[PDB]
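Single chain ahead, written as structure tokens, the form deposited without the named molecule.
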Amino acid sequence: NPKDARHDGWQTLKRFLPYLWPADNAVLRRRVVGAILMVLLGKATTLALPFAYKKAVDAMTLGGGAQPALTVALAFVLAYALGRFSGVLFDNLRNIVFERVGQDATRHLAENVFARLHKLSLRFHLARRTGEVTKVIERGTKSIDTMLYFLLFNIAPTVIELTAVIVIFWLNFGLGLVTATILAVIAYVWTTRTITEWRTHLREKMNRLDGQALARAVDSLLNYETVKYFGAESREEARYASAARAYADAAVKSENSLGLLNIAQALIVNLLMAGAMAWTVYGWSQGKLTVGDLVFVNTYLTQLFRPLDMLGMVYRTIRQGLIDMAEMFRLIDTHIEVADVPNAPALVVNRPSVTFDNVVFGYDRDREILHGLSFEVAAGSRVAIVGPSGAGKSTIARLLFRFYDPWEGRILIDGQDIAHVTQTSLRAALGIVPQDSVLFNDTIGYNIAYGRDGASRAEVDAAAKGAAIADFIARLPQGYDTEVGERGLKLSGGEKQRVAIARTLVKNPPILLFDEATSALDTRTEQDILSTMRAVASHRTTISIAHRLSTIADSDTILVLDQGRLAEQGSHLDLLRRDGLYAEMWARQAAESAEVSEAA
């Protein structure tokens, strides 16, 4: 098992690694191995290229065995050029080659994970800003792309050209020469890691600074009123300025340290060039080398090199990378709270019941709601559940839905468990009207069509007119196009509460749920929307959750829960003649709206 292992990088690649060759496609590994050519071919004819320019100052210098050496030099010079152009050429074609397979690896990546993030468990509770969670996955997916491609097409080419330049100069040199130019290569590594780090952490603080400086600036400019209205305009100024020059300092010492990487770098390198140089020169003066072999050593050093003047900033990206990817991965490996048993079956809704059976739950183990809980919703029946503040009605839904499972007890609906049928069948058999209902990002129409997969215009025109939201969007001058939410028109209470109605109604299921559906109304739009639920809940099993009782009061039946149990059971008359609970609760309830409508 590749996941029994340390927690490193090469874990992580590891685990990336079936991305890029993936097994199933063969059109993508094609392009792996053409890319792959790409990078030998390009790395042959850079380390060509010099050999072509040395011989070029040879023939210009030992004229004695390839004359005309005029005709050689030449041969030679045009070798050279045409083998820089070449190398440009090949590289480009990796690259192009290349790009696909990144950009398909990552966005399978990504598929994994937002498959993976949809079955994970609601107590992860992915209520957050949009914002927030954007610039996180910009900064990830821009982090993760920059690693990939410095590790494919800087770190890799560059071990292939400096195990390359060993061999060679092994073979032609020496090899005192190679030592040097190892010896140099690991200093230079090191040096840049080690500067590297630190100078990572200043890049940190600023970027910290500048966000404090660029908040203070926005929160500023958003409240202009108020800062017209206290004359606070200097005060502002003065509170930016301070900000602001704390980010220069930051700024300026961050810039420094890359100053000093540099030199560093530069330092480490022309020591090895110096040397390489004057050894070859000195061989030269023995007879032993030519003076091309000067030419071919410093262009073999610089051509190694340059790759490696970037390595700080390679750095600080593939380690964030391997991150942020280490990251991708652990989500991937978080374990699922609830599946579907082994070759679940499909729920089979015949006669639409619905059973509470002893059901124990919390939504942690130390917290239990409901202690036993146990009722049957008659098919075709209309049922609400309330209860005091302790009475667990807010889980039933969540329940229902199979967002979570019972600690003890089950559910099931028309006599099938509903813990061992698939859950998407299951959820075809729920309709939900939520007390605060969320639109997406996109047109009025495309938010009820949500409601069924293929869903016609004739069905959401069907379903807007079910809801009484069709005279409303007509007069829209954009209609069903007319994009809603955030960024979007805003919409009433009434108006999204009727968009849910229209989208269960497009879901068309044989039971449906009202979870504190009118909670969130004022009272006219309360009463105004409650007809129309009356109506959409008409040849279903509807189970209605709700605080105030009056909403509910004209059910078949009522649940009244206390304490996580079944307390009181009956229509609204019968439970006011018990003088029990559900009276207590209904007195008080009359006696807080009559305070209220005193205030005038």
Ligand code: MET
Contents of the next structure:
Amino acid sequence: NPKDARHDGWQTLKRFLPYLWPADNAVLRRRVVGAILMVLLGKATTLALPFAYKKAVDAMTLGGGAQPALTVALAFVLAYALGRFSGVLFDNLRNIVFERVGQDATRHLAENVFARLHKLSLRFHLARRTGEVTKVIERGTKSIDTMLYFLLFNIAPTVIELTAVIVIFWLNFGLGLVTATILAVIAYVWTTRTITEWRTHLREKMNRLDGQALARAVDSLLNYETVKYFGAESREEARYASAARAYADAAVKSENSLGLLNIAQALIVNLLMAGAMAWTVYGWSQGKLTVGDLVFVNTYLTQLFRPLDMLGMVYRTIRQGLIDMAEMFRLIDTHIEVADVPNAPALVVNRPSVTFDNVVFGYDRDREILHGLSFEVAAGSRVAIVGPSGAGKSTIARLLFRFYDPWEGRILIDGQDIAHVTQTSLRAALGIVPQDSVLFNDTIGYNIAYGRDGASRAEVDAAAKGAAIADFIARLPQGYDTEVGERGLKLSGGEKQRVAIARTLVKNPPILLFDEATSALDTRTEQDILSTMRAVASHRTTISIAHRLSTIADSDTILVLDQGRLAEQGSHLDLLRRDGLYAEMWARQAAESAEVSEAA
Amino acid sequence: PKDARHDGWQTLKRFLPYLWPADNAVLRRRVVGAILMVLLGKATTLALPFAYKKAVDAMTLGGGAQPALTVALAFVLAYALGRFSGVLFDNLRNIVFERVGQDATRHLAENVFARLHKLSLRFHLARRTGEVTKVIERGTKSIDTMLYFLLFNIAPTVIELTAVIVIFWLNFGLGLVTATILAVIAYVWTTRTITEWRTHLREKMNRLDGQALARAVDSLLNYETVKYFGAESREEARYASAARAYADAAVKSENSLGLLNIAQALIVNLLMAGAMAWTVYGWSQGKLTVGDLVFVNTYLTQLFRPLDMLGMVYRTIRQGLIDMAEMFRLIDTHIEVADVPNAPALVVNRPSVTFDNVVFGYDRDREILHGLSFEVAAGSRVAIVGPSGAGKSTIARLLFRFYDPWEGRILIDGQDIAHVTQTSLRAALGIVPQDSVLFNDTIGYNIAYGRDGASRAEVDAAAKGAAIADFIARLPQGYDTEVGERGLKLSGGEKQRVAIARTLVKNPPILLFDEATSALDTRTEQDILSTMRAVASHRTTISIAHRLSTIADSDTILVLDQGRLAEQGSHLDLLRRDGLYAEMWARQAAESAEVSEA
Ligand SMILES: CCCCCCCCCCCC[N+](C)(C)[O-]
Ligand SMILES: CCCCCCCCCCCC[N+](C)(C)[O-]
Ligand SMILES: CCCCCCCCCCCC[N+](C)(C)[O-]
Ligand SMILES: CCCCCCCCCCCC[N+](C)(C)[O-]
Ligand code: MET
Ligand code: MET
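Coords for the form deposited with the named molecule bound, given the form deposited without the named molecule:
In what comes next, the whole complex appears, and the chain from above leads the way.
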């Protein structure tokens, strides 16, 4: 089991590897093989061509059996040029071919993570900032992609070439040459890495300061009026100038350290150039080596250290990518709190009754909210759930869609423990109008159509009518194609709740929940929409959870919760008659409504 | 001057004074230093392949292994030292000039910031923080990249290209010269056209990425809703397709990159083949040495190494020059409201406010005030009310002179506010706007904002005067409490009290409440109204309110209709005239009843 290992880069990459070698596609497997073959051809070519250079030199200095020397040299020079062009071609062909492999791989990883995120429990509250989260995911995507590219198309070939060059230097020179270049590459890597850590620290500081300056400027601009009102121009300008200066200093330091890494790098490389070319020419002096061997060794070395010119950035980015990807898998690895049981059957709603059987529950184990709540909602009946501040009614909706499970006890629909049925069918039996209805960044038509997967234009029309929002849409310039939400037309509160009613209508569920539906609304809007809602609840089981008792007074029966249990149960008149908790409540709210009316 | 072809050249010619300040002698020294490292670096890198040529020549000239060893050692060592030194010079010019670049782009930014604060309000300076920040980030990155590439890639490459024309001319060719010239021209042209096509593909690819990501994020931030309608599979499929679209776009874009590189290498290596062949054929005739093969090869590879990236460079430079142009457009846009030449200060000895037949509208095709006239006597509490077309929402902005009247004038004391310095004018005016805005800073900074050198004593006094002092007391950090986002979120009454406090610190003779209570709940309104009444103590006060009840106790009330003064007088006088104010009053009262009925 791969998860039973050390949590380092290697483990991340071993986890990512199946995405590159699917066994499910085979097309991409072919693309992978093709790409590796282009890598091998590219290396073959770039390693081959400098011998063509050497041979051209030899033919011009030992024209003893290389004759006519003109023809031999011309042949080898053209061989070399053609070699260069071909090495390039093989490289871009491996890039192009593998691009599809990379995009598909990271795409499937992204898809898996998305799915899992939609499987995890609500308690993570993934309702935050669009701009921040998007800056983060953008950042991470750029990160993982860059590490992917650098790994497959810089580090891998450079290791191939590094070993090939070791082999060739071993068989044809040295071996002092081999130990010299290996010592060289080790020093270059150690140096680049240690310096790069320092540079990454400086880089982060520069980016923090930049953010601060930009933020200052932006905050000043979006507040032009206020800056005008209090004549604070000079103040704001100076206030930006200091931040700006701070940034400039940070940037100067950062771009200086870049210079030091470059100098250290060139120092190492060019000592090795000096030493190796000296040894080669001296070796020629003794009649052991040709003059073409100078050209050969030199070209071999510059070709070797060209890709390592970027090692710093590469190292910074790859490292970071591997960090981000660890995180990806960490999410995929987090366990799912609410899961379907194995071979779960579907919920079969023949007669839509609702049962709470002794439910104990709380969002956290150190604060219990339902203390053994029990009740029966009869099929087709309309009931309400009211109670004071600790009653625990705001758990009901969430327990019913099974966003969470009870600590103890159960919830049934038609006599079926909803914890033993498939979550999708369970939620298929449920409608909800929430207090805060949210709109997708899309058209009002799409948002209404959302209630059911394959919804027709007719179904949408029918529902918008049944919610009484059809006329409002008719008067819109673009009608159903009107873009709404953020970045689009702002809808009123009543309108949004009407869209929501419409949605649940498209879904047409056998059980409907109003979960503080109108508590976000003004009084007249509430009064208006209450009639609409009253209409929609016609022949369904409906459960209304409300702060204001008056808006639910017409219930077939009312459930009164206190301290997480069922305190009172019955018709509005029975409850006012018992002079118990519901009565008290009623009275108090009434008093409030009176007092507020006086202040005019 | 500004009278030019408005092309990259004009932008750059304009940016040049920033690199050669004449105000800063130090940075001028730094520029001379950087240019000197450019010349040392080029001298060096053009020289070091001569060292290579001689070492090859030494080994082939060349009877045996004579003192050729010593010479060859000497020249290869010279070559290596040369390479290193070229790099050294390059990074030193980078380092030396970095300060120049940073200062220059800083002062340009500072100029733009400054002018933007002089330019007129009507530039709709209300958007999204993330959008403007992403934009400004984008553009600064742009200009920096464009600047670096220009100065430290294209410039040295032009220097080096000309050097190579000279050298190839004097020592070979001249067919060699014309061959490399034709090579570079084809390389440039090819790289340019392919880059234009590639930029279009890149733009498409970015749009597609954005769309896919947006779909994912909007899906997650609405987890609850997706759960409610069991729409997981649906949203997943919705992301897969957008994601595939993006992938295809990416593949296409990176393919076009492949073609750009292949074409580039074709040009470079055709030139390499021809030049090296002709060099060898020249050796065969004993005219050129064997070191000349190495020499020509090295010169050509060194020449075309910086043009390796010409694609990106050209894209980048292009965009940078665009973005910089944009900067200058701002600096060049004319300032709608200016102080007249030698404008005197406003002197407020008697704080009367006079509107004299003011005609105004934000745009010339929609007139709002059609000759508005009134006198606000010094020290009085006056309100300005009216129905939907009265034009009352203009008063505040006209009084602070965000705009001048089309016709007519505004006086404070006896003085035309269009003939005085804006700062003295605004120093005489305090304002509590409808949406009070808080800076991302401490409550102390926000209140102290009201006057430049405001003491903590003054902050205390004002916060007391606005009755928010006690609230601040119960804060852990008190006045050092960070507010705004990401800071403590304040209630509406609290924000309006911070605002009142601010204007208190200013201590102006004229105070405006501009729909001050229109964003607040009823109890909050009633609360803060008494503070607002207290604060009006020895000032001229103008309250502009939608809800008439909140201004009934004014000394006199100004009633505007269709951009003119219809009625004027005390609350009772006005109800007594049975006119417009009366009607409004009744109507408003009636509404308060209906909501109470429900
Ligand atoms: C799967 C390919 C693209 C996925 C996008 C990357 C996700 C962003 C990074 C997640 C968290 C990063 N970190 C470590 C800073 O928290
Ligand atoms: C509509 C666009 C207006 C843009 C002008 C704003 C210039 C302000 C300076 C921001 C620069 C931040 N910096 C340079 C530190 O990155
Ligand atoms: C240190 C860098 C300071 C330079 C400030 C440049 C900000 C550029 C914003 C330009 C946006 C132009 N536009 C409309 C094409 O996006
Ligand atoms: C806070 C971490 C959550 C990240 C999980 C989201 C996965 C789907 C988004 C991938 C974006 C792919 N992109 C940007 C290339 O289109
Ligand atoms: C092509 S950016 C090179 C920067 C430096 N040579 C490094 O290794 O980080
Ligand atoms: C990763 S640098 C690629 C440079 C490319 N040859 C161009 O000029 O666009």
